[PDB]
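Enquirer: Got chain R; can you put chains G, E, A and F with the ligands on it based on the hints?
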Amino acid sequence: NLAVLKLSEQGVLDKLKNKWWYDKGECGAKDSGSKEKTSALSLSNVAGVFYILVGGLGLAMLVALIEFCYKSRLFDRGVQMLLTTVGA
Amino acid sequence: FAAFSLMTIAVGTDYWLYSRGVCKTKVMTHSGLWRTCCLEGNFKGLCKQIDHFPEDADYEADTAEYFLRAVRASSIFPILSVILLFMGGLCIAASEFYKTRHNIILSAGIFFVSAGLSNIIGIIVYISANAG
Amino acid sequence: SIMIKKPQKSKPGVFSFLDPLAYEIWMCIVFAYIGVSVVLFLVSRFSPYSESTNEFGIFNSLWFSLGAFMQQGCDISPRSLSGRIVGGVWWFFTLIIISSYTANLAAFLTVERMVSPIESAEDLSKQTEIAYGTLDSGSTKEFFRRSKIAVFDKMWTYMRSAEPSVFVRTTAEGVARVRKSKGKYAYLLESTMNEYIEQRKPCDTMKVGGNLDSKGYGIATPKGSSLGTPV
Amino acid sequence: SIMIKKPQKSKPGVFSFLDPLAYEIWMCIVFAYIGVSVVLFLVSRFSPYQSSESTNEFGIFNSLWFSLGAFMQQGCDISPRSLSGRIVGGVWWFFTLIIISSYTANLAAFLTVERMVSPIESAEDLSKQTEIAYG
Amino acid sequence: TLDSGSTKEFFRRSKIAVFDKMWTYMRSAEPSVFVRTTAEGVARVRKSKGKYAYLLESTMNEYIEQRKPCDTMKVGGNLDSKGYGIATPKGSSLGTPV
Ligand SMILES: N[C@@H](CCC(=O)O)C(=O)O
Ligand SMILES: N[C@@H](CCC(=O)O)C(=O)O
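Residue numbers (the entry's author numbering), protein chains in the order written: chain R, 747 to 819, 1002 to 1016; chain G, 1017 to 1042, 1056 to 1161; chain E, 501 to 549, 565 to 746; chain A, 501 to 549, 563 to 648; chain F, 649 to 746.
Just chain R, with the same shape it has in the complex:
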C-alpha cells in the first residue's frame, strides 16, 4: 500500500507504461500516420466523368434519330391560355 504510491508519485509507472507500450510502435499507422505523398492520378479516380461523357453521346445521337424520324413524316394559340391558367 505504501509502495505502489511511491511508484505513482515518481512516475515509474509512466516510464514502464511508455517502455512497454509506446517505445514498441511497430505496425503501420502510428509511425507512418504523419508522412506525406504528393500524388499520381490514375484512371480509377476519374471514371464517372468518362461514363457521363459516353452516355451523353448516345443520348444526343438518339435525339437526332427521332428528329429524323418525326421530320420524315405550342399547338393552338388559344389553348396556351388554358395551359397557362391551369399552370398558374
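Derived by calculation from the structure, the hints in this document are not laboratory data. Just so you know, even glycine gets a beta-carbon here, dropped at the ideal spot from N, CA and C. Don't take each hint at face value.
Claimed, not checked - Stretches of chain E that chain R covers, calculated by requiring three or more beta carbons in the stretch to come under 8 Å of a beta carbon on chain R: (1) 610-618; (2) 636-644.
What the hints assert, rightly or not - With a cut-off of at most 35 Å between alpha-carbon atoms, the simulated DSBU-like pairs for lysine-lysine come out as follows: (3) E:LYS722 - R:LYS783; (4) A:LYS509 - E:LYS505; (5) E:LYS641 - F:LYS730; (6) F:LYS730 - R:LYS763; (7) R:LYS776 - F:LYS730; (8) A:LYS506 - R:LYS783; (9) A:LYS506 - R:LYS763; (10) A:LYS511 - R:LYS781; (11) R:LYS781 - E:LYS699; (12) A:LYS509 - E:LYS641; (13) R:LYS781 - E:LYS505; (14) R:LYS781 - E:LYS509; (15) R:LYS783 - A:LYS505; (16) R:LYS763 - E:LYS505; (17) A:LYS505 - G:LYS1042; (18) A:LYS509 - G:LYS1077; (19) R:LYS783 - E:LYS697; (20) E:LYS641 - A:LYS505.
Expert: Positioned in the frame of chain R, the structure of chains G, E, A and F with the ligands alone reads:
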C-alpha cells in the same frame, strides 16, 4: 474487315498484359481476358481460368465494387463491339442488293460508331478493375 | 555521427510535365476526343431538310473539339439541338480534367525532397528493424557501455543483445557492411571519418542527424617522461 | 472495450467529382441558372421599337444556351448587344468567376480520400441485429 | 497553483527537471503567483489577458469550460493520474463497510 479481324483476334486472346503472379495454387504472367495463363516457371503454358473471389470485409452490396466486377469478369461491353461490327458489316454487304432506296447504308455506319463506343467503355472498365 | 546508405533519388526526365496524369488517362483522352468529334459530325451532317446550310464537317469539328478542350474559344457553335446537347457534355468534360491538371501540377511544383529516415537516433532506440553497431576495442563502444542517458542505455542493451554480432573489427568492414545491408544496418563512427567517406566515390553513403558529443584527438605520451611539456 | 477486425479502405465512388461543393449549393446553382436565363429572355424580345421584334437573336433557348456557355468558361458566338440584359450578364460573369475559382481550389485532394466505414461503435446493434456475433 | 494544495505539494516534491524548474519559477515569484481559493485564480486568469496561466484538476477544468461565459480553455493533455477517495480516521470501524 480489318476491324472485325483485329477485334476478334483481340477478344480471343491469352496475351494482353504481363505482370507478376501465380499459375495455379492449392511468376511472370502471360495474362489475358480470363485465362490468366503463365510462363517462365516450373511449367510454362498452363492457363488457369480466373474469376472474382476475394477475402474481404464482406462487402454486402457495395455496388461500385460489385456490379463493376459483374461487368468485368463477363465481357459484355467488349463482346458487343463484335456484334455491332458484324451487324454493320452485313449492312454494307447488303448495300448492293435491295438498292436504290438511298437509305440503307446510313443504318450501317451507326453500328460502326456505336461499336467503338462500346469498345472504349470496355477498355475503361478493364483498366478500372485491373486496379480494382 | 551516424552513417547510412544514401537512398537513390529520382530525377525529373525530359517529359516531366506529363506527370500528373498517367498514360492510361492520356490514351483515353485521345480516344474520347476522336469519338466526340465524330459524333458531332454524324449528328450535324444528317440530311436535315438546305443541305449546305449548316457549317460543320469532319474537319471543322476536329478542331472545334480541340478549341473547346484547350480554352481558346472557337469560331462557330452548334446550332442544332442535338449538336448543342452533345457540345455541353464536352464542355463539362473539360472542366473536370483540365482543372485537375492545373491543381495537381501546383502540387508537383512544391516539393521534391525525401522524407529523411531514422534521424537523431531515437528511432534507433525505438524500432527493431535496422541494426547498428560500433567499432570493437573502441572508445565509442566503451562510451555506450558507461553511458547513463536512458536512450543510450537502451541502445547499449540492443547492441549487447545482438544476433548475429552487430559489432565489427575494422572501419572498412562496417563500411562494406552498410554498403551491402541496403538500409538494414546503420553504423556509428566519428564525424571526420564520416565526411571523408562522404567525399569519396561512389558517394553512396550519407551522414544523417547532428552530433552527439564533443570528443577530441590529441598527442599521447607515456606518463612522466620529459617529452610532455615540449610536445 | 470492443475489438473488431480491420476494415478495408473504401475508395471514393463514381459521383465524387461534385463532392467538394455541398448539395445545397448545387441546388441554388440550378435555380439561379434557370432564373438568369429567363430574366435575360425577358429583357430582350420586349417589343423593341421593319424589324420590330427580331432585333436580337436571343430566344429563350438561345439564352438557355448562353448562360450555360458563360458558366463553363467558353463564351458562345452571340453577345447581349443591348443594355439592361448586360447588367444581368455582367453579374452572371461575376458569379461564374467567384464560384468556379472556389470550386477548383483543392479538387485533387477530394479525389484521393480513402476514409473508413466503421459499422458499429456504441455497440447496441450487437443487441439489434443478429448477424455479427460477439463473446 | 492553489495554496494548501496537493498540486503545490506535488511540484515541491517532484524530481522531473522541467517540473523542478517550474517549481523554481513558482517559488521565485514577484508578486505571489499563488492564490487562496479556486474562483480567485479563475478571476485572475479571466482578467490577466493571457499573462497568467493556471493549474488545476481536469474535472474542475471541464466544469469551468461547460459554463458561461465560456471564455476559458483547456490546453495540452494531462500530467498524471490522481484520484478522489473517501477518507476515514485511521483505525475506526467504518473503513471496511465504506
Ligand atoms: N579515436 C577512437 C576511435 C574509435 C571510437 O570512436 O570508438 C579510439 O581510438 O578509440
Ligand atoms: N484534491 C486536491 C485539490 C487541490 C490540488 O490539486 O492541489 C486537494 O485536496 O489537495
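Enquirer: For a quick check of understanding: which of the numbered hints are violated here, in increasing order?
Expert: none
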